[PDB]
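Each chain, letter by letter, is given below.
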Amino acid sequence: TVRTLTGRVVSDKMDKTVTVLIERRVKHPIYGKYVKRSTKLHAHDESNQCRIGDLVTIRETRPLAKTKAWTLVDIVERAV
Amino acid sequence: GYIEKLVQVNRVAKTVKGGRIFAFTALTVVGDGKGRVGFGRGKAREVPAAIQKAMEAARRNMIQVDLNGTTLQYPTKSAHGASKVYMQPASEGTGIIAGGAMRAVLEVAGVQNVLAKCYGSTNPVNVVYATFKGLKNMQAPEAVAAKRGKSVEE
Amino acid sequence: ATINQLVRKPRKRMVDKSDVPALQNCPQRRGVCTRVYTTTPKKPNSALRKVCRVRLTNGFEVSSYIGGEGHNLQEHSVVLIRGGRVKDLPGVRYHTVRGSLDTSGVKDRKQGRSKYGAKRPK
Amino acid sequence: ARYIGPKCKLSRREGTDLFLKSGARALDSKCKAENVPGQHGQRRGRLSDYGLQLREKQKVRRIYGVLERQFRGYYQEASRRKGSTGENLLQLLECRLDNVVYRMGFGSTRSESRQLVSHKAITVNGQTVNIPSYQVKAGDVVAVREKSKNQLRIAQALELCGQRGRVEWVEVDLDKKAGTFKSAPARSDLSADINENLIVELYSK
Amino acid sequence: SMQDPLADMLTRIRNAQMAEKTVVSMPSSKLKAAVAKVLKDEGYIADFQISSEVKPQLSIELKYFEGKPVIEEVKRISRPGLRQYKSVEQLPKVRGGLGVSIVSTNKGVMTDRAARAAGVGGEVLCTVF
RNA sequence: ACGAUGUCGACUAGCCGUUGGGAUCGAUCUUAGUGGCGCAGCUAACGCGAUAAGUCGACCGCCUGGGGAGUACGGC
RNA sequence: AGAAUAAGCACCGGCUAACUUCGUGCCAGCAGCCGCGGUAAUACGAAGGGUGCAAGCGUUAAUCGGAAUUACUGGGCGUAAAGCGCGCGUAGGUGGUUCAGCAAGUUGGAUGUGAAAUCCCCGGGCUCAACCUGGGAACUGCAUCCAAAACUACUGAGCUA
RNA sequence: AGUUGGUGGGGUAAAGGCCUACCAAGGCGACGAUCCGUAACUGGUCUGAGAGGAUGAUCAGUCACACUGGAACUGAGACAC
Ligand SMILES: [Mg+2]
Ligand SMILES: [Mg+2]
Ligand SMILES: [Mg+2]
Ligand SMILES: [Mg+2]
Ligand SMILES: [Mg+2]
Ligand SMILES: [Mg+2]
Ligand SMILES: [Mg+2]
Ligand SMILES: [Mg+2]
Ligand SMILES: [Mg+2]
Ligand SMILES: [Mg+2]
Ligand SMILES: [Mg+2]
Ligand SMILES: [Mg+2]
Ligand SMILES: [Mg+2]
Ligand SMILES: [Mg+2]
Ligand SMILES: [Mg+2]
Ligand SMILES: [Mg+2]
Ligand SMILES: [Mg+2]
Ligand SMILES: [Mg+2]
Ligand SMILES: [Mg+2]
Ligand SMILES: [Mg+2]
Ligand SMILES: [Mg+2]
Ligand SMILES: [Mg+2]
Ligand SMILES: [Mg+2]
Ligand SMILES: [Mg+2]
Ligand SMILES: [Mg+2]
Ligand SMILES: [Mg+2]
Ligand SMILES: [Mg+2]
Ligand SMILES: [Mg+2]
Ligand SMILES: [Mg+2]
Ligand SMILES: [Mg+2]
Ligand SMILES: [Mg+2]
Ligand SMILES: [Mg+2]
Ligand SMILES: [Mg+2]
Ligand SMILES: [Mg+2]
Ligand SMILES: [Mg+2]
Ligand SMILES: [Mg+2]
Ligand SMILES: [Mg+2]
Ligand SMILES: [Mg+2]
Ligand SMILES: [Mg+2]
Ligand SMILES: [Mg+2]
Ligand SMILES: [Mg+2]
Ligand SMILES: [Mg+2]
Ligand SMILES: [Mg+2]
Ligand SMILES: [Mg+2]
Ligand SMILES: [Mg+2]
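Protein chains in written order, with the authors' numbering: chain q, 7 to 86; chain e, 11 to 164; chain l, 2 to 123; chain d, 2 to 206; chain h, 2 to 130.
Check each hint, because a few of them may be wrong.
[Claimed, not checked] Under the rule of at most 25 Å between Cα atoms (straight-line distance), these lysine-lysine pairs were calculated in the DSS-like manner:
#1 q:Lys22 to q:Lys74
#2 e:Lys160 to h:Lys69
#3 q:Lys39 to l:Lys10
#4 h:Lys41 to e:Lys157
#5 e:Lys157 to h:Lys69
#6 h:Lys33 to e:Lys157
Just so you know, these hints were derived from the structure itself, not from any lab.
Input sequences plus hints: build the corresponding full structure.
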């Protein structure tokens, strides 16, 4: 299936665009402790239907603006 | 057993009204190359008397260790004061990769392939203490089997 | 140090500084003598050591030692200097290579006459 | 290069036989091998452990006549292999072509065996070899060229080898001056006085 | 504040075995019960029991053989500050095989021998010799 | 600004005082403090020793030869 | 055809293998560090005599090692350098016990990739070696599937230490 | 402040603030933005028991430059050794 990422929406001020934060756990090369890193992605939300704090998923497409190449596929769960 | 190796000779001095009084300290080890070994130290006015006293001390309190044919049983680490010592068994072609006092103790003790190293202070007396602590406490199999049969533990 | 303390900032090596700042990574350098003279050593030893002030092509002005019993250096002599610290003298951090450009080596030298640039007796 | 000059001075310094002459008469009644060379010969001269390792290494090197760079190359390549590199060194150093010519009886001393090899007089398998380092394979048939097959030097070396013991791991047909090397000698086949692990300890520092 | 209770188990056993006691009792847990079962099956302790009544108590009796204790060195490897995991071929060998390394795998808690035979890795809980 | 000894939790022989307070039959037990000794263990040694500097776990602060120097410059 | 055409460099108090004499007299000088030299200097400069390397031998510059002396493997903080003057608390780190689920870490396997050379193993060809070269191993990583469920994470329901 | 996003249009072999006119005020940053100094990168090389540390000569892959600063033309391909 299509490779998909999951994250939390941290900004929706832009029109038809959201910002999604994605966590990851990376092992230290030398000290061997898993440390927590984050990534920020700009995602194309055509219907402007995503509020802040939601848990959503996104997939890679062709660029639609500069530094914007991911489009969301569904809302896994909505922040209350 | 009788295989004598002299580890250290040192000159020490006390003070009295009038000046200094000098003495000599000798540290030696004695064994047979078949497992038994001991160490001794001696003070005297001149070197030969100190060496003889050290040899006589070493002949007393000579202990027995269990070894797997010129080599140790398992890698081990031991310490005395601020001296630390690490040893591990080696294959047949290896010599005795050890320094100073450790080499003497192991040559006399009958091992031949030991690949040893030491950390911290390298005072010969404390290093020999640490090496005897390490060798004395080796267990050998069918003795760690003090619980059950052999080859079910291994 | 706890693992978290090392993760936040790891252990660092402080790079050691060279004891021959002149002659940057060069085994030896060419210079010209500006003043040859004699100086006295520190307290335990006692002699009259022969040294020369040298201006180098790097532009540094340093002080070098002149080894061997005799020498023919003068002011405006062009010399080759290598590294090497002289314990007895304060500030002398270099040596003058004998028999290289204008130092001519030592004479009546029979034992180890390669450190002092002496030809074989032949 | 090679060591040149007094071939008994090494024996006097080392303190043992160190076969370096024909062995016709003796060693003691040539050079009084009981004092180290020089003015100071009667000194007790206790020498530290490093001295012991150095003497043992120099002793084997002078026995087989190998310079330092080549000796360390042999040591490294023997350390590469498996099975007690300490005796691998002896196994390999015992397979040199000049040494094999020595132990077949063709030369009284290693120096003249090397002279014979370097002067194009030995065919390993019908092919001429003129270098004193060719590691002889197990099962080779060392021979002497026909032109030099009738020299008096080889004959003299033959009866000199006649009383030297028998190595028994090579076999020589003396009538036609042919030789065959079956296999590298085992550790017990060599002299049981040299302790090779001491050298291994030396290079491991 | 009871950040790591298996280390508390091991330390209790070590201290009481160092004080020539014969019974060690502590609060119980399923992981502790599994480790104690491994210890008994390997022969380093004589027996263990588990109590009842809502706050169960785990009890262990110790072995001495000679005048020395049997467990002469036990140590905690995967603490909650490092969480060591190992593959099959990298499972640590204690004292050249004369000791044991307790490993938690998807097939249960076993020794390094059993995991090496079963060809499965896991988390290295503690080492015993 | 000192116990020249970070905070939190769990285990490990004992004896003798004292402060606030409970239970059992003046004594015994028990609880939170505050002191003097002391077995194991630890330490280079002095010494610490249930108020650990012993055996462990969680997190934090700091050290890397002596002067120059906790000083100069910059910031606050 | 004819032994004919072809040995030098450093060092010798200790570390560090190898020692005696002659000349100097805190001078001339040596030195990597301890240090040596002021009338018997194995430390200076020469001799004999040795010791180590060898068509090379020493010095200089630079890197790692030894250095567990930045200590993940693998150190410390009462008195040697080192516990903030003392609280509260944000981000972060860590988390008592039982049941079930999940499948992110975790573990095992498969597939794609990780250029060739290089390093490594077994061969082969140069008279051997250096050198050239065939096959394997290795590249400890990443992505995609399949399987497992003890531990950590996440979800739900509990319990009282 | 073409700065982040959107709409109509232009432009490119091709997605795209690549360009433009309007619309909203967005976007990045103690998980180190911005600035300063230094530096081609990798397979690899030297060390080390290993973990690591230093480094990027020869050989091979990629990048950039061609007296200095700009610009385009021809062409399948250049902003051209
Ligand atoms: Mg658009
Ligand atoms: Mg773009
Ligand atoms: Mg030290
Ligand atoms: Mg220097
Ligand atoms: Mg050569
Ligand atoms: Mg006060
Ligand atoms: Mg303070
Ligand atoms: Mg404390
Ligand atoms: Mg406490
Ligand atoms: Mg006390
Ligand atoms: Mg302490
Ligand atoms: Mg400083
Ligand atoms: Mg100030
Ligand atoms: Mg002040
Ligand atoms: Mg100020
Ligand atoms: Mg000596
Ligand atoms: Mg000198
Ligand atoms: Mg004299
Ligand atoms: Mg001299
Ligand atoms: Mg250097
Ligand atoms: Mg260094
Ligand atoms: Mg290091
Ligand atoms: Mg550590
Ligand atoms: Mg320290
Ligand atoms: Mg305080
Ligand atoms: Mg504060
Ligand atoms: Mg609080
Ligand atoms: Mg707080
Ligand atoms: Mg919190
Ligand atoms: Mg949490
Ligand atoms: Mg569960
Ligand atoms: Mg896997
Ligand atoms: Mg490759
Ligand atoms: Mg499942
Ligand atoms: Mg605009
Ligand atoms: Mg547009
Ligand atoms: Mg540059
Ligand atoms: Mg190392
Ligand atoms: Mg670089
Ligand atoms: Mg170039
Ligand atoms: Mg290239
Ligand atoms: Mg030019
Ligand atoms: Mg231009
Ligand atoms: Mg065109
Ligand atoms: Mg171009």
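Structure-based check of each hint:
no., hint, result
1, q:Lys22 to q:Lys74, "11 Å, holds"
2, e:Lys160 to h:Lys69, "21 Å, holds"
3, q:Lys39 to l:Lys10, "14 Å, holds"
4, h:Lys41 to e:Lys157, "11 Å, holds"
5, e:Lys157 to h:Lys69, "13 Å, holds"
6, h:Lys33 to e:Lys157, "22 Å, holds"
Of the numbered hints given earlier, the model fails none.
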